[PDB]
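As structure tokens, one chain now follows by itself in the form deposited without the partner chain.
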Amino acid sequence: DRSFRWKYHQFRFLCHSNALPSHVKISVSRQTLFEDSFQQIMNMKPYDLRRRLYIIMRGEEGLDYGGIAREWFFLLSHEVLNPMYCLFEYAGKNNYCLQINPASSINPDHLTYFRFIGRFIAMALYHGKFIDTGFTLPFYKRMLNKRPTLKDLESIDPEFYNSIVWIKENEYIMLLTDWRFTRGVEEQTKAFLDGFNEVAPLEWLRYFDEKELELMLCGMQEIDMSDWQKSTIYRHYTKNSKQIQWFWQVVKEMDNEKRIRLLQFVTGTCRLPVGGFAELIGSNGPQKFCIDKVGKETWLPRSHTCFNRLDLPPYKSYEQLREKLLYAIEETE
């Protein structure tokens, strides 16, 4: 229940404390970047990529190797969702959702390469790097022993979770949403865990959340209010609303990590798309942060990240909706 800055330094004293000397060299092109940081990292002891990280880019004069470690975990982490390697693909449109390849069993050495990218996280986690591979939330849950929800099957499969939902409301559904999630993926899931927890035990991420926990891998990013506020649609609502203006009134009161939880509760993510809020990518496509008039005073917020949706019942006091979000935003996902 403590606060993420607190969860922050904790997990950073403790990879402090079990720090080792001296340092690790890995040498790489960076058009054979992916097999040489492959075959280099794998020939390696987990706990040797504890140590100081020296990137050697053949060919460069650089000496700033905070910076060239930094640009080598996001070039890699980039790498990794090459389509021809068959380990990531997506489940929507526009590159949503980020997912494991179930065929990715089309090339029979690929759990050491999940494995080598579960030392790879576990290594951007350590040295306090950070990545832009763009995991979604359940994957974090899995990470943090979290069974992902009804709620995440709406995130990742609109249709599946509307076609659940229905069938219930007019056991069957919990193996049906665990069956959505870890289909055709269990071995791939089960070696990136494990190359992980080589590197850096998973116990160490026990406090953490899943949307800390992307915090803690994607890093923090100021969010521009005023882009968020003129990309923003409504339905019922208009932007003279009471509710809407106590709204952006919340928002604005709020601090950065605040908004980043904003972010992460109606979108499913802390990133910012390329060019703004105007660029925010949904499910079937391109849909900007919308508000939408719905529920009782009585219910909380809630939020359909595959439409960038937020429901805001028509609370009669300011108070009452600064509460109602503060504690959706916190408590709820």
The other form holds:
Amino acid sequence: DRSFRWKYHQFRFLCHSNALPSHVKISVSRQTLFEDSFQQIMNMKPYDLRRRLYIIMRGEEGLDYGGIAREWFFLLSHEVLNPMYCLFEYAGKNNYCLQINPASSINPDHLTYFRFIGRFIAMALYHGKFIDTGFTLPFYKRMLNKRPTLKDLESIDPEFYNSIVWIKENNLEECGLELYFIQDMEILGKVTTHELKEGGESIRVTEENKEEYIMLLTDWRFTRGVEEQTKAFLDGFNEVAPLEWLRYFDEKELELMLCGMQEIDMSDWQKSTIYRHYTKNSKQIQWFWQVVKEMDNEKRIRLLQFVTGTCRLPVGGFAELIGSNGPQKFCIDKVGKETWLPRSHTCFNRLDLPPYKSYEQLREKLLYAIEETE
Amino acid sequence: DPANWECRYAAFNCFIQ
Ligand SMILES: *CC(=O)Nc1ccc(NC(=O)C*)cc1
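The structure above corresponds to the form deposited without the partner chain; please give the structure of the form deposited with the partner chain bound next.
Time for the whole complex; same chain goes first.
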């Protein structure tokens, strides 16, 4: 209800007033990083990781220990994505949508690595350090115990999302589709079928149990093949930092607490923006671009999360923006009627901006949907 | 790659402050 600054300040007090004295020593090499950090952190106690990080970069000349701290958290946040560990996959090309690999069991100790990552993420939040692993917003929603919605499906699996749109808005009794309350699952060539409800192996989906079947299938997509691994991550995280400490945050604020912010050069953002049904001179967009100028970079980067799904830009700027099909630039269009709000589609980096009446209307209704919707 | 994460600590700190 309150602002992000208050949520940040209150969370900093919890870590300050619950910190053990002295320091922990962690020594790593450039080439051993993942597996020195895995051994030493998983051999320490959860509460021990709460004492000052005294990182030893073997081979270097240790001076600035805050910078090696910022460095070690960033480099390790990218070393957990190594294909050799089979812990993570991507729902799209060019590293779009980072989600847990359901085939992580091919790593026999995988639950022990996920408990390790949970601790590593908790250490970053506890010590005010940032990561860049690239967890999706539904992943942060699970940490906040928020239930993933239908909108989140369009962010991680648009084709799965289009199937549920089609089911909801079509009388499937005319179109003639036998659907039951079941779902298959191929993990490592082993095909398994999950029952959505009690005895769903036998129950057709009709016009009546449809909206139910929709609440079920959505919840299955966010949990299938990842129940083990998610439990390991949260258990290791809760050991170091209690999960209740994040009760005030939302999924977009939690990403800010873990990834940080950049100043968003919109001389770049403006020139790398395409449109439907609009011109670069439509008084709508001439208003929109002037709104985003008066924004501070709090809400500027919140607009990025609302439209693109994350707060992190690619290294190439806004020209190398990637969607669920590959390179996809920032886009705005004429979608929605006058008494709507800005809705988005993160898989396309699209901002459905209805043609508003006045700048007063558009500065007012934009910031609300940016700050109160998803 | 320090400029990557360093720019993110600076922008974040200037907002809070
Ligand atoms: C991160 C980036 O690209 N730019 C940037 C802008 C400003 C600041 N510092 C303040 O705003 C106080 C840091 C980085």
